[PDB]
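Okay, here we've got a single chain as structure tokens, the form deposited without the named molecule, with questions on binding and movement later.
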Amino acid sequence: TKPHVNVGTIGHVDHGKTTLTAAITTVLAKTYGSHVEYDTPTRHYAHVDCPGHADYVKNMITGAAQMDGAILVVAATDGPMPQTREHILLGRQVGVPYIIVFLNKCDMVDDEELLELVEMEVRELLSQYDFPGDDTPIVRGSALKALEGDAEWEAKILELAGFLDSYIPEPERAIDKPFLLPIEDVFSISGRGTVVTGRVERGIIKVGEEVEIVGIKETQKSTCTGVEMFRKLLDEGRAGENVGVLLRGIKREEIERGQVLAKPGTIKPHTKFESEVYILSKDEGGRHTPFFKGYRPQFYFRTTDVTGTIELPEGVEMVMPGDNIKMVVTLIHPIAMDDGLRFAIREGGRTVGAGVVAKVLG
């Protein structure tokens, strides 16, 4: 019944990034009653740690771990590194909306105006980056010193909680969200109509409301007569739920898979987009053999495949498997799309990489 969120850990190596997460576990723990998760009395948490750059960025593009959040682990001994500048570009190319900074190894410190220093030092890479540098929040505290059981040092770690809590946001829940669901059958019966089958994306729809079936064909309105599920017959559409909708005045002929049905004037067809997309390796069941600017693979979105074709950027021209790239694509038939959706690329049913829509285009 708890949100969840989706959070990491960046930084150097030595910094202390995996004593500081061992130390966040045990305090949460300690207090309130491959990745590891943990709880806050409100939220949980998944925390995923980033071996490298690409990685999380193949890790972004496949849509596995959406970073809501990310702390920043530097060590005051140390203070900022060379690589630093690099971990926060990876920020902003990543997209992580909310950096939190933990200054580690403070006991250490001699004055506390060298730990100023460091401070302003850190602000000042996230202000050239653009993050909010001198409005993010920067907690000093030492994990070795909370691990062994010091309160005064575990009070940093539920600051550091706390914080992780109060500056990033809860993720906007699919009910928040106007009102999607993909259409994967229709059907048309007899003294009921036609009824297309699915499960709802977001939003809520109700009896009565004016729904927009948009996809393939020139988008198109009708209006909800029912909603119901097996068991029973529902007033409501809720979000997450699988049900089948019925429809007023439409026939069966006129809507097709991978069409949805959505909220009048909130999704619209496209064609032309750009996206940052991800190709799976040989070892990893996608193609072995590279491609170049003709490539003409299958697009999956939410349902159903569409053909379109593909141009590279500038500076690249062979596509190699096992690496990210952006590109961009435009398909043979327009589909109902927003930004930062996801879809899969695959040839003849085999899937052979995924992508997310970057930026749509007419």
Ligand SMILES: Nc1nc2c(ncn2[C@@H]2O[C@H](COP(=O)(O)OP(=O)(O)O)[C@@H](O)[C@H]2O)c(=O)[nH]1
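Positions refer to the first chain, counted from 1. Compared with the form deposited with the named molecule bound:
- Comparing the chain between the two forms, the hinge between the two rigid parts falls at 170, out of 170, 226, 305, 107.
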The other form holds:
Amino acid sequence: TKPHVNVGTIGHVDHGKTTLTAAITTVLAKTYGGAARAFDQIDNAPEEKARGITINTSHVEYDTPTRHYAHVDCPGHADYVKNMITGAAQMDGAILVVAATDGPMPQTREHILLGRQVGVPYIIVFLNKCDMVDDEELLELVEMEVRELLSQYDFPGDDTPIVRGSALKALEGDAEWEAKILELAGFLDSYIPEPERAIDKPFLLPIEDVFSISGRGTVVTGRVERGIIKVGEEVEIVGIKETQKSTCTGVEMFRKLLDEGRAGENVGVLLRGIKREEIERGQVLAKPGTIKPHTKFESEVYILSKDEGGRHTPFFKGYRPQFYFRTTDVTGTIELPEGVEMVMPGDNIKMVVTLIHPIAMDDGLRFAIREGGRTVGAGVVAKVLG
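The block above covers the form deposited without the named molecule; next, return the form deposited with the named molecule bound.
Left out here are the partners and the other molecules; the chain alone remains.
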């Protein structure tokens, strides 16, 4: 099967993301095979529901000779904010569209900054509307502006592929400009490395339940998030309390006794030496020395709007909600950015959080913000602090 890669268009409004998305599907369909999509179908994005969050998202698919791509395009900036923090698939790379007529605009900066925060790993640039620009001096100056902006947020601007093109003329059928769509698709193939598959990451299992099995000791159940756990291998129980070491003495799937549990499977793991009461809501099983527990972190959060089922009134710096990490709520206190004293429903802000219990975490881990039982926001860990 062809490798699967998740991409999407980002960049400022009216710079040509949707026209480019249509052009890519159209050009690749007539060149390497597939199904073309038209501008109107993609611009008219369905409402996708992620929890209570409403995100207008168009999903499109296209193939290169060697890869299958799932591409995400959204109508408005508000959708890109929501999608980057809580969208169905995390982008493996992004196509930043920049209109040569306008140059980098405020959401060009914001989407790069968000990409950095939510951990978007590769960004390719399509410099659009070049059918309007005859001057090569201008095009060079815009290209340098985009490279500086990428580097400002630690992307490798100097080595970043930038394709000078015209999404519109390519969608209209002009073969000269279509070649630029193939150049861009070439860069998707060559510049975005194939992402790391979960089965190859160090073992991780969020604990959902614990039982004292008769004559066999303590078992913890959960979905293997990544890696492989084998009978005989050592594990760490990470989070809430001081970290404990243990050994796997059995892997059970329903009534079937296994020798290993793999990423994606729902299993029960028998642990030597651990008593049922030594296990707490919110802990994970992990390969030893691969994930650490933290109480403090920086995050990018989106606060739900009233219509989405969230808060009706803003909160202030004393806000003390619950942060739901994998399996449980942990209370935290927050610090706001300087100048911000109030956070309105529907806002998104950088939030420094201090939980009252440690949670095993790494950059890019998603969480929900909750009040009482109900969800009021969504975040991504941008930087762990300790």
